[PDB]
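Residue-level listing of the chains:
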Amino acid sequence: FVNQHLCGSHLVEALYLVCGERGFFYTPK
Amino acid sequence: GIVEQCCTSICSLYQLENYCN
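Top to bottom, those sequences are chains B and A. Taking PDB author numbering, the leading residue of the first sequence gets 1, the next gets one more, and so forth. Taking PDB author numbering, the leading residue of the second sequence gets 1, the next gets one more, and so forth.
Looking at chain B on its own, in the form it has when it is part of the complex:
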């Protein structure tokens, strides 16, 4: 699921799945 174009909710989902209990930051700006 990671090796594709990932935008919006799709990108946030990928971050969520990859980062797990660490969490993540989503900074589109």
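If you're looking for bench data, these hints aren't it; they were derived computationally from the structure. A portion of the hints provided could be inaccurate.
Which residues of chain B face chain A? A partial, calculated answer using Cβ under 8 angstroms [what the hints assert, rightly or not]:
{"no.": "1", "residue": "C7"}
{"no.": "2", "residue": "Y16"}
{"no.": "3", "residue": "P28"}
In this text, a Cβ means the ideal position worked out from N, Cα and C, and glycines have one as well.
Go by the hints and put chain A onto chain B.
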């Protein structure tokens, strides 16, 4: 940033993990 790397271009695990805490 992440949009340029993963939305406009093709993402990778290596790049996604740069945004984990």
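Hint by hint, here is what the structure shows:
1. For B/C7, the interface hint holds, the least distance from its beta-carbon to any beta-carbon of chain A being 4 angstroms, beneath 8 angstroms.
2. About 10 angstroms separates the beta-carbon of B/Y16 from the nearest beta-carbon of chain A, more than 8 angstroms, and the hint is not met.
3. Against a cut-off of 8 angstroms between C-beta atoms, the interface hint on B/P28 holds, since the closest Cβ of chain A lies about 5 angstroms away.
Taken one by one, the earlier hints fail for this structure only at number 2.
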